[PDB]
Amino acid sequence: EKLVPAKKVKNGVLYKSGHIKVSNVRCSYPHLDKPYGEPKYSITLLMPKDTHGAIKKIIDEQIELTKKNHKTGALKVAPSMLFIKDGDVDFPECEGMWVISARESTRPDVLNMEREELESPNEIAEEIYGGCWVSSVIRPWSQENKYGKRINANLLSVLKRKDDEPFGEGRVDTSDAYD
């Protein structure tokens, strides 16, 4: 089965399957080469509030549908347990940004700027560094288990869009190393 668009907006697409393409967002903390924290592949997407209002509205609507249609009944989920956070409230590079966390245990497809699929972890890590711009396909899902109630986003694919200043390495919290 293929993706079928339901609604297209500036900087994104909602598909009939519930998948969401988020376009032209800045990446942070990429873990596409190897899984990180059951370890999962992940990425953080920084959506500028000025340019991504329409796709953020879709994301909010899909989050609410995901809560409502949860299998055991409509699920009450705290704002801090959603895959989208507010960069101005909840967190410097996040200022004026919506902050999306998407994860998957299955390696997402990773495409370079020429839309070639990258297979090698070293090339994946070199191409998609924190600070570059990407587009991504995600899909919301609801979690209700012993670890809590969340609305999460599966990470299906990432496309590199453009280079920009790297955020650097030095952004890992080292404060728990001796515990």
Second form
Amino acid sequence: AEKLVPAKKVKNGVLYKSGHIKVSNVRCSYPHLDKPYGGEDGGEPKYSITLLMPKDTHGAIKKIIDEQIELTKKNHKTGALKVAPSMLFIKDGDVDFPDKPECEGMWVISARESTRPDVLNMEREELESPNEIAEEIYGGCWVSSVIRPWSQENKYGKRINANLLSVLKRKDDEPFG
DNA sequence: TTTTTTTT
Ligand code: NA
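Same protein, different condition: the form solved without the DNA was shown, now please give the form solved in complex with the DNA.
After this comes the whole thing, all chains and molecules, with the earlier chain placed first.
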């Protein structure tokens, strides 16, 4: 549920007082919302999505994400955390994925969660069956998503990752396949 | 309220 209290609203996004961030009107790729992904090779399976944020239209919400990344580093429970820019949930499509046409001119956000996120159709109805979830949110559609940064400091390294809380269908478009 | 991701 969006039972959150806005702190700051910008074009294509909202920062909430709880530290959650809504990233609005972004293109979806590689959804794993019907069934969790990963944990073939040691890790535990998680639901996930990639969000493609156009650089020309989403600069304000990008700035909020950066600010919140810094805040998350500073507030890490064991003390302020140093994290490399390659170890964040946000990547630069033009640098990191130059051979992927769908990433051209995009910020690329990866968000994951062990608990299945809320999945809403355009009528804001919450979906429950894996098949209906897979049909609704297909790679290439546009969504709005609630995420929240978190700080990782463990045996595998130091990262700022993003919890995936909700995915709302916004627009249909050509599927990536 | 919690915790490795990764392009896949
Ligand atoms: Na459910």
